[PDB]
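> Chain by chain, the residues run as shown.
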Amino acid sequence: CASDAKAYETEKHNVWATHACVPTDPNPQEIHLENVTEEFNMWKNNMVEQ
Amino acid sequence: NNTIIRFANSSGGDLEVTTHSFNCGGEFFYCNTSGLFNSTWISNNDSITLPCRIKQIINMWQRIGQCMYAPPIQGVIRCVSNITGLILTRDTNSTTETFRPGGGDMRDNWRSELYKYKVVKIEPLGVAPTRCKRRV
Amino acid sequence: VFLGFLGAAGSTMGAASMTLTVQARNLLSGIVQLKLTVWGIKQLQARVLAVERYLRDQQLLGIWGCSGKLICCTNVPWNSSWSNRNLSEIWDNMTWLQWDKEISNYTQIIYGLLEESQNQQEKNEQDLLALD
Amino acid sequence: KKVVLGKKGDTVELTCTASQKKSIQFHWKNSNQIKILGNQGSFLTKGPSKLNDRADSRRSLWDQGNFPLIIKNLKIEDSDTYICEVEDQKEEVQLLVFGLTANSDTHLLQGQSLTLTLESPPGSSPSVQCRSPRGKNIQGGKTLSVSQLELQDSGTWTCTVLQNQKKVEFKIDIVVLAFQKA
Numbered sequence: 053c054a055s056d057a058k059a060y061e062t063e064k065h066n067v068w069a070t071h072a073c074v075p076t077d078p079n080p081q082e083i084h085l086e087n088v089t090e091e092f093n094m095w096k097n098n099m100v101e102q
Numbered sequence: 353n354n355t356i357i358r359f360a361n362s363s364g365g366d367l368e369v370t371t372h373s374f375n376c377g378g379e380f381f382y383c384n385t386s387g388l389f390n391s392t393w394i395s396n408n409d410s411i412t413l414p415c416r417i418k419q420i421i422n423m424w425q426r427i428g429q430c431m432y433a434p435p436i437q438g439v440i441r442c443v444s445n446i447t448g449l450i451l452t453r454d458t459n460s461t462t463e464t465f466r467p468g469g470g471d472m473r474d475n476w477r478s479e480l481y482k483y484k485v486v487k488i489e490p491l492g493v494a495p496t497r498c499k500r501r502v
Numbered sequence: 515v516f517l518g519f520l521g522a523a524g525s526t527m528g529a530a531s532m533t534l535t536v537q538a539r540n541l542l543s544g545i546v547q563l564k565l566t567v568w569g570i571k572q573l574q575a576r577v578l579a580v581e582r583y584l585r586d587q588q589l590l591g592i593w594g595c596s597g598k599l600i601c602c603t604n605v606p607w608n609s610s611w612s613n614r615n616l617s618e619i620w621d622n623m624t625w626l627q628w629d630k631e632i633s634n635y636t637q638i639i640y641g642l643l644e645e646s647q648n649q650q651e652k653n654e655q656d657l658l659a660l661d
Numbered sequence: 026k027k028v029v030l031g032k033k034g035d036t037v038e039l040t041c042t043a044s045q046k047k048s049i050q051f052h053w054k055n056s057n058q059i060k061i062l063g064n065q066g067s068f069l070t071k072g073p074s075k076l077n078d079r080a081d082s083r084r085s086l087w088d089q090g091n092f093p094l095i096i097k098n099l100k101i102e103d104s105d106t107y108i109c110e111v112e113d114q115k116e117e118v119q120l121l122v123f124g125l126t127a128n129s130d131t132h133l134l135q136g137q138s139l140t141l142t143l144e145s146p147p148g149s150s151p152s153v154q155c156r157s158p159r160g161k162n163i164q165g166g167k168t169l170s171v172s173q174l175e176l177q178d179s180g181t182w183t184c185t186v187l188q189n190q191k192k193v194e195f196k197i198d199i200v201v202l203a204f205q206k207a
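Residue numbers (the UniProt record's numbering), protein chains in the order written: chain A, 53 to 102; chain B, 353 to 396, 408 to 454, 458 to 502; chain C, 515 to 547, 563 to 661; chain D, 26 to 207.
Everything labelled a hint here was simulated from the structure, so no lab data went into it.
Do not take every clue at face value.
Unchecked claim - If we take Cβ atoms under 8 Å as the criterion, some of the chain A residues that face chain C in the derived model are:
#: 1; residue: 53
#: 2; residue: 72
#: 3; residue: 83
#: 4; residue: 86
#: 5; residue: 88
Said to hold, decoys possible - Here are the simulated DSS-like cross-link-like pairs (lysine-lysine), alpha carbons at most 27 Å apart as the crow flies:
#: 6; chain 1: C; residue 1: 564; chain 2: A; residue 2: 64
#: 7; chain 1: A; residue 1: 58; chain 2: C; residue 2: 571
#: 8; chain 1: D; residue 1: 206; chain 2: A; residue 2: 64
#: 9; chain 1: A; residue 1: 58; chain 2: D; residue 2: 46
#: 10; chain 1: C; residue 1: 564; chain 2: D; residue 2: 46
#: 11; chain 1: A; residue 1: 96; chain 2: C; residue 2: 564
From the three backbone atoms N, C-alpha and C, an ideal C-beta is built for every residue, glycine too.
If we strip away everything but chain A, and leave its shape as in the complex, we get:
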């Protein structure tokens, strides 16, 4: 998992269904990758199933 960091401050005896979840980093990192190309297949992406 990973669900923000301030959402837990609302509390309300667990909102929706997230409390037991690692707080996010205050600086989410990224990096564009130059010269790197490859296939994307959303129709076989098992991230959805999980």
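Put chains B, C and D on the given structure of chain A with help from the hints.
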């Protein structure tokens, strides 16, 4: 070295904080400790009988919303213990100072012992200046 | 220059070798930091699998007498059948991903000699040098 | 600087709320640091204040993070600043208790006078306005007096006390005997 010390019972209210609650072979006792906490001291057998009551339904740690029924015990019961400590609460404030017992929070019984202990985290790794230049 | 995790991934194998440690650190990473519950045994399982994942190959480097890893030499000669290219055709003109694309075919085959030859022979030999 | 107006002989509920919906240590004191009431775990304690026999909480709200000071049978001398101490934080409320009485408890005659007296705490300067069944209006501070009652003044008078932008309402029943013809 010039004050007066008086002892009295609790302020009433709830039966659990008022009387003395303690364990004794599954049975729960509630005793009127007025027979103990009734004295005084100035400026500078014999035996005591304490009336007790029995209850089958009680609330532990003050956790409302739940209960517990203790089954009666057959035969005569006669537990034995030793009073090792007290739980007083300090109560026209320049000479006389009245005191009474207390309780409610059961963490007082554990702290009363664990004060002798503390837990620390060891950090094995350290550095320091030393006359040394490392060769290949 | 600090690039970042996998920061040299898009470069030649020669170039990438510059900063193998930046990757190495996070191969095991560490840190991370009503019972059961979802995630209750998942963070467990995952964090375990990380440790195993690491050591399984680390032990191989333990066997392949190096230990001081990231890079080390052997006494096993390269068989020309294993993708016959020149060094400039390899190291100065190919990424690690492109490399694996080919050499992956002989992985276990090469491991055979790495797992053995030198490890076997380097030793005995030494015991014999210890004769005097 | 919260202000609550009470009526003499009524009940009031002074609120305290923690950041979280759980029972924690709280304590109510007055402006002289005299303990009124608090908890010890789940138990109620009562301090050596003059409110002791008339102070309570609502323990069924403590698991909700609410720790109210309920004061019954309000007296004028219950007027004070009260402080709830909870989670290292202080919540302050000024209680002002008023009483309003007619000078007569007995039935009055037409043409007779009616005098209302506002009982008020030291240091308060309220305005009062009262209105009879017929719409007769009288205004004042301490004492409000109507010179001559009409038959049509018989019934429930409604009195508003204004203090600190707040108001509280008294209803007083006035009974008088008068002829049904001039």
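> Hints first: check each against the structure and report whether it holds.
Now for the hints, and whether the structure bears them out:
1. Taking 8 Å as the C-beta cut-off, the interface hint given for residue 53(A) holds, the closest approach to chain C being about 6 Å.
2. The criterion of a C-beta within 8 Å of any C-beta in chain C is met by residue 72(A), whose closest approach is roughly 6 Å, and the hint holds.
3. The beta carbon of residue 83(A) is positioned within 8 Å of a beta carbon in chain C (closest approach about 6 Å), and the interface hint is therefore held.
4. Taking 8 Å as the C-beta cut-off, the interface hint given for residue 86(A) holds, the closest approach to chain C being about 6 Å.
5. For residue 88(A), the interface hint holds, since its Cβ comes within 8 Å of a Cβ in chain C; the closest pair sits about 5 Å apart.
6. For the proposed pair residue 564(C) and residue 64(A), the alpha carbon gap of about 20 Å is at most 27 Å, so the pair holds.
7. Taken as a hint, the residue 58(A) and residue 571(C) pair is honoured in the structure, with Cα atoms around 24 Å apart against an allowance of 27 Å.
8. Proximity of residue 206(D) to residue 64(A) is assessed by CA-CA distance (about 68 Å); at most 27 Å being required, the pair is judged violated.
9. Between residue 58(A) and residue 46(D) the alpha-carbon distance is near 18 Å, which keeps this suggested pair within the 27 Å criterion.
10. In summary, the hint linking residue 564(C) to residue 46(D) is supported, as the alpha carbons are separated by about 22 Å, within the 27 Å threshold.
11. A hinted pair counts as satisfied when its Cα atoms are at most 27 Å apart, and residue 96(A) with residue 564(C) does not qualify at roughly 34 Å.
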